[PDB]
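Presented as structure tokens, the chain that follows is alone, the form solved without this ligand.
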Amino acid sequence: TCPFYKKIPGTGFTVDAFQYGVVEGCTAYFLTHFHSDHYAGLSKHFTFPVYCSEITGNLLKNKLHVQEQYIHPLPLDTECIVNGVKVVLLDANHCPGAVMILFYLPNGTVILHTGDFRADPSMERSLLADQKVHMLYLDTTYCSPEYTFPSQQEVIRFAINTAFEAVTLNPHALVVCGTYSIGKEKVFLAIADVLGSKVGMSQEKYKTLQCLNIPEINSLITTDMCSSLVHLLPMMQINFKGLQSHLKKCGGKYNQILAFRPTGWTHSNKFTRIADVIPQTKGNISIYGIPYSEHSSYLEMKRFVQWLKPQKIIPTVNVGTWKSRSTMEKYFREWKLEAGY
């Protein structure tokens, strides 16, 4: 059944709860972002109101074929009424179109649901600074102090310089970037841009990127692989076998591949800086794992929660085992005591 942590008390609202059949009493289904764990169950046959950002709305229409009448896009940073309840959507700093949702309850409670987020100090000067938040429904993906990672800016810097050097040493070297969902477009766009190429991809992925209101996008991407030296591939196909495979297809136009696997956290974060990264090599093919996260580090999450001073925190991630639940509850208490709320 739909779990309590997907239900908004005092409303008929649910968040990211599309795979339980009909949910009894739900009058509006909110969708935080277009990632399959969150949208799972949506299709052309859904006939209930979906509320989401304009970008997520494009993806529901064009990729899932949900019928326009059931898609209710809302502007960000704007007080809106939904079945008689004041709500605001805010940028979640996750993937394109991803939002947090502020619910203002008739009883006077204020609830923030973060969807998936990477906390940032910039959020401390959004509409959140304006009033008190009583309940936080929190993206707890990396809620443990071993989870450090560098800034997005540091990670893009590294990838830019790595690829530029490699291609300038060898003009017949091809760059490949893995993907399996939206998000992390900056990796392949910033590399494409330093190399004066467009990025080349399948027609399915091109369609996906054309929904995202990215400015000047027609100048940045293409479906003509031949014209491009930055290729996007399914993340599955980023390994030496599927790379060699792919290298055959380019027909002697390239003799080397330099490939990137944008990972979340991996255990070399606990010993190795971004400056000191190395790839896995097999001949003319190299693979860099780079830790580009679109989720909060443990410290970023800690700071956001200590700024917000919520009265109750309900985790939405890693809730499936008693050990995780108990560990999280400990950090929540530490934070509270350190900060005096």
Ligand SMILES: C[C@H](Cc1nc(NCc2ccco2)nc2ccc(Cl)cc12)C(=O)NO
The other form holds:
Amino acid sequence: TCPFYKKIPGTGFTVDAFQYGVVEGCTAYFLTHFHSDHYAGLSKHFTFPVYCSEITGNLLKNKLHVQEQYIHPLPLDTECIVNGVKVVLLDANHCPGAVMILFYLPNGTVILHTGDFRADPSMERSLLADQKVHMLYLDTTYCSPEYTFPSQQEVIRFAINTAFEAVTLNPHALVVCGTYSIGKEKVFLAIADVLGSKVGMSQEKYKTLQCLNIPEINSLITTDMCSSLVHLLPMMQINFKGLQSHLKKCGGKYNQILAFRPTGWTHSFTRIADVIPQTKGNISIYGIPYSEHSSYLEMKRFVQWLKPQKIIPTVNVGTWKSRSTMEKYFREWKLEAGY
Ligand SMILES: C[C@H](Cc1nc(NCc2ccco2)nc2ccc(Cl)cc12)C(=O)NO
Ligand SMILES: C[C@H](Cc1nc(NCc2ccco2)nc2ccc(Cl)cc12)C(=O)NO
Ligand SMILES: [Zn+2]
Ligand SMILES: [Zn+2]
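With the form solved without this ligand done, generate the form deposited with this ligand bound in the same format.
Then the entire complex follows, led off by the chain already shown.
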């Protein structure tokens, strides 16, 4: 059964609702981005129109093998008409191809669905500007004040400096980055750039990256592993056992592994410059707080600027405590800002 926060009232639209079979009355299924908690259910057998970004559409076609006739890519920042309703897709500053969706309902109501997003002041100068929003479907992943993490730029600075120093001190070190979903590509791309290397990865991950419209991607990535000194591995292999196993593979070409795990928020107190790795012998593992979701302060600033009349959270909605906590913050933001 489809939850209410995945339905757009007054329309036949759903958002990120693919695991509920045929949704009654749904004439168009929107997919905000290609993350498994959002596309769950989509396959080559789906026979309804899917609306999404071009990049999401590339991934649906190539990775899930959804039939081309059902994939409806839309350009960003462009007023489009879907089933008689004006819609706009906006960059969500999440992962590649991730969008927010503006729905202009026939009765005059305007709904913004953020999908997953990392709120940024640059969004205050999109089609959102001076646009009255009556309903906001908000990515509330980190809607609590203890959720602080650095900017992505600060985290990348730390990663680049850490890797460059280690490989300059030891030209025989290998850098490993953990990955599962799309997103956070800047971690491995920026490290490989400072090391003058391409990023080596499996065929499956290479295929995924080829769908992302990344400029000059063929100059940056490869499936030739031992010709690269930055390797991608599944996130579950980023441990001492899995990295010890990987060090054998390259045939004694490397004698040290520096690995990066680009987590979300963790309870770690410490500043970005003072992050230290887990080390066992010649293997060190850095957990870096590279987030593609809003910090609390980023979320608060975005909502207080947008001044929506009603907020519908789309994350952390499963407990009375979580729902009550988020509503208390929404009220605090509204009282402080005056809307
Ligand atoms: C990598 C996967 C996907 C995943 N699952 C969950 N929990 C839900 C869950 C666990 C098992 C099935 O469904 N939370 C995640 C949080 C961040 C990220 Cl990146 C991925 C997450 C995983 O961890 N388990 O399958
Ligand atoms: C890439 C993530 C994948 C993901 N993240 C989350 N929480 C947000 C979170 C925690 C740590 C990093 O990011 N929860 C999931 C639960 C189930 C599954 Cl399968 C995937 C999940 C995303 O942005 N997905 O949209
Ligand atoms: Zn996501
Ligand atoms: Zn998500």
